[PDB]
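Encoded as structure tokens, the following chain is the form deposited in one PDB entry, with no partner shown.
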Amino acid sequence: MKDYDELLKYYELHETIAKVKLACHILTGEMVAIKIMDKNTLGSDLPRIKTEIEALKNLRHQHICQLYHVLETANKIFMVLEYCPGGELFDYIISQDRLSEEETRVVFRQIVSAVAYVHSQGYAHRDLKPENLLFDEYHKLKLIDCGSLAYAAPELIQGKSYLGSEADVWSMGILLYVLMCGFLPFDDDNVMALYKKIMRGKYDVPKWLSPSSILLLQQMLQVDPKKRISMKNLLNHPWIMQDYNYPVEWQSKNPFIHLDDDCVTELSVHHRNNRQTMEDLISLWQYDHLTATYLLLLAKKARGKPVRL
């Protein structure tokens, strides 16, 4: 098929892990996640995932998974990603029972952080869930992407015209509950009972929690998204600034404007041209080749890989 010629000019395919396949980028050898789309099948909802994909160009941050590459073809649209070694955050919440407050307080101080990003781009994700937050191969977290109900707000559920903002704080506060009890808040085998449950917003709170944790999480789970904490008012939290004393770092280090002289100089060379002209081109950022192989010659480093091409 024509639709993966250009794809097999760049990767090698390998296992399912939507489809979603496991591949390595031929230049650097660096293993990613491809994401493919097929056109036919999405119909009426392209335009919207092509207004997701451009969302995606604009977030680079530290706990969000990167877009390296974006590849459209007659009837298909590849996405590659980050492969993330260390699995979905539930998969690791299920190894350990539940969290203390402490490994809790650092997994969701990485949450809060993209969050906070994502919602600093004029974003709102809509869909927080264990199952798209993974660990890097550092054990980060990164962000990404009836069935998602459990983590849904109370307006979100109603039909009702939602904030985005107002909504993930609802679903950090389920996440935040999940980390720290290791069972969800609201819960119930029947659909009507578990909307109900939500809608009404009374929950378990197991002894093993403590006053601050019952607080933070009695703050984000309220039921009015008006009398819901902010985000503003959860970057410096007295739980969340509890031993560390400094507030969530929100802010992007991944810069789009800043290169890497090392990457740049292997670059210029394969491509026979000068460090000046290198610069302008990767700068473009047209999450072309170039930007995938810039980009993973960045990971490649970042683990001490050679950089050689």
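Numbering follows the first chain given and starts at 1. Take the two forms, superpose them, and find the largest set of C-alpha atoms that agree within 1.5 Å; that set is the rigid core. First, how it differs from the form deposited in another entry.
When two forms of a protein are overlaid on their rigid core, residues whose CA moves 2 Å or more are considered shifted, and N245 is not one of them between the two forms.
Relative to the superposed core, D262 undergoes a C-alpha shift smaller than 2 Å between the two forms. Fitting the two forms on the rigid core leaves the C-alpha of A302 displaced by at least 2 angstroms between the two forms.
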Contents of the next structure:
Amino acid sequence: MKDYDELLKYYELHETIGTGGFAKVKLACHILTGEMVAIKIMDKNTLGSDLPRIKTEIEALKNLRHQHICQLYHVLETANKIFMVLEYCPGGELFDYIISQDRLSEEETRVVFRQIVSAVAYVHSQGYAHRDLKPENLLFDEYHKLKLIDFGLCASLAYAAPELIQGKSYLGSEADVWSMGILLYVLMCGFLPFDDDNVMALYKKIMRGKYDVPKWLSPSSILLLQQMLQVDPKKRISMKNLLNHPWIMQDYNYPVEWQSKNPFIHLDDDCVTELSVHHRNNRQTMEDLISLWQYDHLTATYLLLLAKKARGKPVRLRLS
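Given the form deposited in one PDB entry above, what does the protein look like in the form deposited in another entry?
Next comes a single chain, given without company.
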């Protein structure tokens, strides 16, 4: 549409991996690094009146730099489109993992869950909420590490908090705690705590808040579930009693580190060098350009090289 002209100077588009109202998600290759990314393509005409909301959410996502959050690399706006280029997570969904394993042990649940708590605590600390936590929104990277996707812009009632489903106003943070409790139950049980074959019956079950507790759950498991799965949001554990929770600490003996192990700005010298070489710049000039953080092609190349580095791979741009 000529909306793809600019994009295709930087990316080679592969297969669609997701569709929806307002948005399509495509696999793609960033040409300069050869790295795979995911590109969320949004039509401005479809958004119409909601376009300002999306721009706001885009800005929120620029400040969500965290090891367990799928990272934004590039925002390209054309006359009709907004493209958001995001970190590719090759390990597939937590959902797929749970099924393949049938249910996870308490021990392995804990490995996975601490990562979720880390991401979600970080989101909440920035004054945001996810509002749609579920195993489909948690992807593994190359190293079986979890990355949270899909904040807003887009979009399962099984994971929704009682106050959300009753359409009342709800605090995102509190609804997230509920959803995380459902997630906890599913990880350790391999099935939903609340299920039914029609919405009204499911809604009733969720609002009643009663579920079975299988025989294999530890007392401590059962107790953390009871603290999270409280129909009354006010009675739900806070995210901060959760980082410190005895169940969370068993076998680690230290709380979830939720703060981003991410440099405020502190640029990576190897990434800057590679860009300086490529652009024929002196180091200071290159650092000054990167430091504008425009989420243009430079931001994207920089962030991709930095992810190449963080994953022990070579910090190199393909150039022939």
